[PDB]
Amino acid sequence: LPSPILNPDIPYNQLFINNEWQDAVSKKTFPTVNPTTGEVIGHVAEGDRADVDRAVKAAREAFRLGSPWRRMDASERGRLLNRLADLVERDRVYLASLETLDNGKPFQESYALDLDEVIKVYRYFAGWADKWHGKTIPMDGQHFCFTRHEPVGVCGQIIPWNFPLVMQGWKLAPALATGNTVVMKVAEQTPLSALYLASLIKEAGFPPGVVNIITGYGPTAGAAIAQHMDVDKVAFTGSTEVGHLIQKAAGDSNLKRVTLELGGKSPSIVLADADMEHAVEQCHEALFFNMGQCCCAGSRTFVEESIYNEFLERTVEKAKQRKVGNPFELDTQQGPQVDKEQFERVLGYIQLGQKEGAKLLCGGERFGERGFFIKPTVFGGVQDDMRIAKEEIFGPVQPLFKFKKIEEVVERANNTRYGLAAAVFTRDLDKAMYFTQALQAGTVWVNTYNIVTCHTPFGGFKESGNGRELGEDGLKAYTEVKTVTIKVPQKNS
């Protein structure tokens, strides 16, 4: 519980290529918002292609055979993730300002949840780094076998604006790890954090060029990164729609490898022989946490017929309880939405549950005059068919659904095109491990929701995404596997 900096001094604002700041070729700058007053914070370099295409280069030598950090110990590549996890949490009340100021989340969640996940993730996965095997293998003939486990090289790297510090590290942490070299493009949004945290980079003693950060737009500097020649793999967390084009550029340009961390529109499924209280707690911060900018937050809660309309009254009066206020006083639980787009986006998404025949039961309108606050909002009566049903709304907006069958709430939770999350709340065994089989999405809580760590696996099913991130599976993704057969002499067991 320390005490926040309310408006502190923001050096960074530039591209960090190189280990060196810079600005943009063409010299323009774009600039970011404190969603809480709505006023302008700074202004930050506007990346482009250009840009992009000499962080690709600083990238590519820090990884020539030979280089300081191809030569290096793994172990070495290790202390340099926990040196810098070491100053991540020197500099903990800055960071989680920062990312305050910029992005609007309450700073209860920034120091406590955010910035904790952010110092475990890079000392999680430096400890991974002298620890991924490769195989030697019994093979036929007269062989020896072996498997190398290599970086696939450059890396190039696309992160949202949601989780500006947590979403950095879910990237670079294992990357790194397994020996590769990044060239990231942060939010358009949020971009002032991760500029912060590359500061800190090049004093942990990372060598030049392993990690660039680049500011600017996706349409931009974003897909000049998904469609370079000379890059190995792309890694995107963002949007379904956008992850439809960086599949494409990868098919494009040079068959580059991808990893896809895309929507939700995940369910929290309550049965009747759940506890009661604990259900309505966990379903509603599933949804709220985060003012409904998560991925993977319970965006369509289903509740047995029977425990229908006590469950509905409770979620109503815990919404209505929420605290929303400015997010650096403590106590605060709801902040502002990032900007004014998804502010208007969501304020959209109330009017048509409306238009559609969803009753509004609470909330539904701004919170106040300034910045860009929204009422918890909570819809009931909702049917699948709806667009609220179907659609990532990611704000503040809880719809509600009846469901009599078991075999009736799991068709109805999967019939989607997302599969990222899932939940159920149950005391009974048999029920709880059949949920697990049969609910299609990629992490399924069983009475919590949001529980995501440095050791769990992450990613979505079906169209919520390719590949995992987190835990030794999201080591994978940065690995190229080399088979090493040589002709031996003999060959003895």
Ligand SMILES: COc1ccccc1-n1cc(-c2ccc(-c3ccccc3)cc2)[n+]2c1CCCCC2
The other form holds:
2 protein chains.
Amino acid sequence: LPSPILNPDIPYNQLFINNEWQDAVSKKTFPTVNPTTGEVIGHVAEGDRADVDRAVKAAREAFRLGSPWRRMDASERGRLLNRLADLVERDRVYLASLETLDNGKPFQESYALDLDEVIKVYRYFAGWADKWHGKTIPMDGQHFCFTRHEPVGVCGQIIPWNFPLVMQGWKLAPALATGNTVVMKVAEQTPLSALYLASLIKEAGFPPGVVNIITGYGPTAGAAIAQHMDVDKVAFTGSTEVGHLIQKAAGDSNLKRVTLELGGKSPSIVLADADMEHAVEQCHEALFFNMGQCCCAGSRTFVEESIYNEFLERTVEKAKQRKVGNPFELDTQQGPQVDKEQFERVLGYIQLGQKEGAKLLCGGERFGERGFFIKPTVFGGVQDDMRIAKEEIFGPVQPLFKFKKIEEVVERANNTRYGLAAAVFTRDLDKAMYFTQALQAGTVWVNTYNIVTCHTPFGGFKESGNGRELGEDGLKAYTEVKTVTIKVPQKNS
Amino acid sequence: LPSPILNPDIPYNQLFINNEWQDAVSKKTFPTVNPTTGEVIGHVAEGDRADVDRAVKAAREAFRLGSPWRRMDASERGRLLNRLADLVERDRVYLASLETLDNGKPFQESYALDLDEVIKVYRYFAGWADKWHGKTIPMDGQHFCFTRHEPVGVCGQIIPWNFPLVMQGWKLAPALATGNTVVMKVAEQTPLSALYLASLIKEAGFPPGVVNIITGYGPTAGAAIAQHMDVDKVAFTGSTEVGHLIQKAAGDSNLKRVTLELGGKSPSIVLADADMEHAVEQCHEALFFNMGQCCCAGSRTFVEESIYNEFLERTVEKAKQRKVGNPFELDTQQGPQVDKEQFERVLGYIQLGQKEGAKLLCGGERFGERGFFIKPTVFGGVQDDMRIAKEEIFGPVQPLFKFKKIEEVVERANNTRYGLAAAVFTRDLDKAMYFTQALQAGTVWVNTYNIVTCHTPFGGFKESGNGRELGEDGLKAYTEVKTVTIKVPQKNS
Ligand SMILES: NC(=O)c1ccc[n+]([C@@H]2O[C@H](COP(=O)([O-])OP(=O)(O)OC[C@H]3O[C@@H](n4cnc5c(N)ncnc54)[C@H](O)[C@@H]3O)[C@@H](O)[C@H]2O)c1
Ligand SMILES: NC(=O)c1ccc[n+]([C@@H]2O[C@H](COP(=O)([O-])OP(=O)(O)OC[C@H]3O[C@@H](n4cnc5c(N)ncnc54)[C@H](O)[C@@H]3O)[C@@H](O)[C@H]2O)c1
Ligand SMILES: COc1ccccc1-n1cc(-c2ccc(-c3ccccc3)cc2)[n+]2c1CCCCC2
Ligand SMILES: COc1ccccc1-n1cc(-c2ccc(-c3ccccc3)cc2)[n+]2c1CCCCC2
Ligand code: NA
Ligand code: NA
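Can you now output the form deposited with the named molecule bound? The one shown was the form deposited without the named molecule.
Shown next: the complete complex, the earlier chain at its head.
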């Protein structure tokens, strides 16, 4: 609704360590690109292992028994996160503009959805800080037994490019609320918004070293965090393939605690009794939201046989109508893909789908001449043995499948290494209930899609992840439990 | 205290798979020794990778949607676990006699402590089965949101030899309470008691495939479970060294969920205002319990300067008084070490302690000339840089340490990669409270030691583990959370 800042000042482009801005040890930089124009926005510090070492020492000292951050009331940690959120709300237009600049997402998305969720996640976990309780336990013998929920310690946090500020907030908010310290590695494709957010962390009054932000490449700066002997926990959001490596690196270094939020090939399932127009609209947005670059995208749309043709025609019409263009104009629905490599990878899958025997119904090529835009693409007659049915495309390509039986579609839905999310559309109580049990996914939506808020635990079954983020259940990965058992003179109930 | 059975019949010595007794595919068998005499009791099946695949297959079928185990009331899982407890109680003397035969622990411990704990853990988790609740969540928008606590699936469980029945129960009870199926790999040194327990699992009425027991080696049968692509979760108890390999294997295979319960070098810390006789006795048992073969053994005794000489002298006398001998004798306090390799490892550490300049105060050699018996051994003047101060001896060797300040002893206690347990002995409220905060351990005892029951969460900080077993908190490792979010017509509070 408000007006975007079309080319803003970008003062922050260095490492954030110990509440100060600094270059890498090596003084090296790397470019970030504006994906709409294909042009370089500017350069950013290229952090590597030595820079990580500096951030870890800073985080380690901020966490020391008797430190400000350790001594401080849990409620003061809350007040800080709440003030941080106030500051995000003050700078909301700038941040949303910066996000659209660097990532490519439509400013209507950045402003109204992403920034809304950033603010809410910081405010939500602000409230948890002083409400996270251990237990008193009526154990056998002359004993008083309780648990303390202590912080896990120095948390390495590695995030992707598709929702730079949201992903940052999902990591930082619960970690800080439970009194941890942080070394965060943001994505090479989208470093800018996270650095401005770091400036607001300092402004909010977080002590030095509580949050440290590192820009750099995955195999260098990322890997240094996952392998570090003085990092107590790693929380990784990214690809399933890198997920495997993170877990191995934990096993290979110091048995750091691991949470993994990985890839998806999530199914939308539309039954015959569904509200047709609603299901078509929901499945359409389930795929094309954020240009198909959403980890829980409805990337397989399964449709009952008796409504398939109608559903298909209406789906193609919505794909053809979706406005592709400059994301700074307010009615733009689909911006560009994030970079050249993603661009080419999505076009590669479009070709592959054609070669495999799937029917290209619309789009299927580049939109325009400048930047990394792709026309909304829909495939029909897709088979489970096709590669476009199996691999995570991560772009604006919607494959359609046909099924006949309830039991058939659950098996097909579940026949994947992935298990991040799923959805059913139906009017029937009994079928909705069956699907909520039968679908092997961390989140099951009924008659909706992509409703992930600060309250809703989120993560994968199978190779889509290990552990959950968000909600109360999301606090548990940032907590180390201590049992205290004390001999007492006598015991009464 | 009842009479042990000295010559029990041992009918069960095969793999337990799909409620059927089976040979290994290879027909290979391996011997288990009676550590009291050093003689072979008999042979058991040498399960390998092919046998694990067979067990995992049976567990998977038992876990399938619509199987007896999946559709059973949670309360019926409870009744099954309760019935198992009744059968253990019925066969308590037999089970405890077999434990002593195979492992070497005194029958006084076996009957009155171990078997007690086994019965309790099954009964405890029997009660959790129908009381493990998810949540309803007052989420934003026109939504009904809740969580299902689903079983994680096929759980690979690998246990050590030091408490064979208890370690089995700690694994099986929470896993079964929460609706999982199991493939368990028991320790090569102590296969027998776990197989008799499996026959009780069958008698109690658990469906085929819900519990599967594999006997065999670590790098074959155990490795096969940890690397298996159809195992959803691995819960491992054992050395820290092998723990690193389990976490790597999970990351190298299918991102199976991991819990690790690993080694320790736990400190008991005696302040000058402690009750002397009590602290001496408690620290003595804290090390010598189960022939020093306890993960959370008080294996570094720190004593304040002003009471050290007296403490030392009383500790020596107590070591010299401990009855070493045949574990079937009701007053034996110390049986043999578990096998030749463990026996020689402990003597090697005794030799090493004296080379490093530690002072041998008593014991320090073999007890007699048959079986694997070692004289209770105490070292004085031990320094933090000695190998016997840093490494897990896992035998009846008690090193004593001198300190002067609280801030000193906290640093020295905490300066290890281990973190399973710790204890403080004091009369002073403020000092007890301070140590419960400052010690980096999963369990902190105050004026007691080794009080780990079905109620009390247990596990390591740092390299002593990942996650917690027992209590309510121990259910979490066996639970996969599913968030269900449903569009509703209107929302009211
Ligand atoms: N489940 C979720 O919450 C969630 C959310 C958003 C995105 N994703 C997933 O993220 C993926 C897309 O993002 P991506 O391409 O940036 O994936 P990625 O695995 O290539 O990179 C993710 C992050 O890890 C870093 N990285 C890369 N290699 C590394 C290594 N060897 N060691 C340590 N760090 C390394 C990158 O620099 C980046 O910061 C998709 O598969 C998507 O499904 C998941
Ligand atoms: N934290 C706890 O609850 C707890 C309780 C009891 C014992 N322990 C620890 O257990 C250790 C002693 O037991 P242990 O000597 O039998 O240790 P271990 O690590 O050598 O073996 C433990 C189990 O794992 C298997 N194993 C061995 N190598 C393996 C491999 N490479 N892959 C898969 N499985 C493998 C063994 O056959 C056995 O069943 C000590 O360090 C002790 O502290 C911990
Ligand atoms: C920042 O957002 C996300 C980040 C990650 C994952 C998912 C989301 N995501 C995606 C969507 C979302 C829902 C519905 C539509 C839509 C629009 C028109 C017609 C029909 C449906 C578009 C987007 N939302 C969210 C956040 C949570 C609730 C608010 C809405
Ligand atoms: C099966 O046992 C265990 C298994 C694993 C870990 C610890 C134990 N463990 C060890 C002990 C234990 C406590 C106190 C003494 C003692 C005796 C004489 C004088 C002073 C103290 C001996 C043993 N207990 C337990 C379990 C139940 C709690 C109470 C009993
Ligand atoms: Na960019
Ligand atoms: Na034996």
